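K.L.:
Each chain is listed here by its residues.
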Amino acid sequence: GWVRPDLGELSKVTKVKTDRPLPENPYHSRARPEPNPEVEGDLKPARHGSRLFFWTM
Amino acid sequence: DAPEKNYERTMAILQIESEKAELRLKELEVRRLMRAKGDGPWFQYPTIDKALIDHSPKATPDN
Ligand SMILES: CCCCCCCCCCCCCCCCCC(=O)OC[C@H](COP(=O)([O-])OC[C@H](O)COP(=O)([O-])OC[C@H](COC(=O)CCCCCCCCCCCCCCCCC)OC(=O)CCCCCCCCCCCCCCCCC)OC(=O)CCCCCCCCCCCCCCCCC
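Chain order of the listed sequences is Y and W.
The first sequence begins at 115 in the authors' numbering and counts up one residue at a time.
The second sequence begins at 81 in the authors' numbering and counts up one residue at a time.
If we strip away everything but chain Y, and leave its shape as in the complex, we get:
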């Protein structure tokens, strides 16, 4: 009573009902380094201009 699969069927992506748990770390990866702090807040102008030796703006 077995029926041969039609063309296109054995290449279907199927779904599997399992009882084993999902691997929370399949790569055995460690903790990632914490990122650099972002930029935030309002942008005030430069204090006393460019401060390049004598340029007052």
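Simulated from the structure, these hints should not be mistaken for lab results.
Zero decoy hints are in this set.
One-sided and incomplete, this derived list gives chain W residues near chain Y with beta-carbon spacing under 10 Å:
1) 96
2) 97
3) 99
4) 100
5) 101
6) 103
7) 104
8) 107
9) 118
10) 119
11) 120
12) 121
13) 124
Pairs of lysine-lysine residues, derived as DSSO-like cross-links and limited to a Cα-Cα distance of at most 27 Å, are as follows:
14) W/138 x Y/131
15) W/138 x Y/129
16) W/85 x W/100
17) W/106 x Y/158
18) W/117 x W/100
19) W/138 x Y/126
20) W/106 x W/117
21) W/117 x W/130
22) Y/158 x W/100
Just so you know, even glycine gets a beta-carbon here, dropped at the ideal spot from N, CA and C.
Chain Y is fixed; fit chain W with the ligand onto it per the hints.
P.N.:
Chain W with the ligand only, in chain Y's frame:
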């Protein structure tokens, strides 16, 4: 000019230039620390963007 005017103008000039000098010293110290530790917004030399990684299931499982 009045001596009051030159005197208080000199105090204004000295405050502005002392602030600029202290800010340049802080600028040197900030640049030294950010080159040394690499934790600030400056000297952030680029690494690989991890948005380029294909996280799809590949052809072989051991990866
Ligand atoms: C109501 C709405 C409208 C409001 C209007 C308000 C304004 C009303 C008046 C309208 C006109 C305004 C003009 C600009 C504002 C005043 C700027 C000024 O005098 O700064 C003083 C500036 C600093 O003096 P200060 O006492 O600290 O500040 C007074 C003000 O607070 C200065 O203010 P500051 O603190 O904001 O200045 C910022 C900063 C202040 O400066 C600094 O922080 C210091 C560093 C400045 C540069 C130094 C470079 C040194 C090495 C290069 C040398 C270059 C060659 C020298 C000259 C060769 C011959 C041309 O300036 C700069 O960084 C700009 C660079 C210098 C250019 C100055 C403006 C020139 C305008 C006309 C251009 C024509 C040619 C001029 C000569 C070209 C060479 C400069 O003086 C100098 O640096 C000495 C150099 C000569 C200055 C130019 C004088 C302008 C008038 C020229 C008329 C004659 C032209 C003759 C024919 C052509 C030449 C043969």
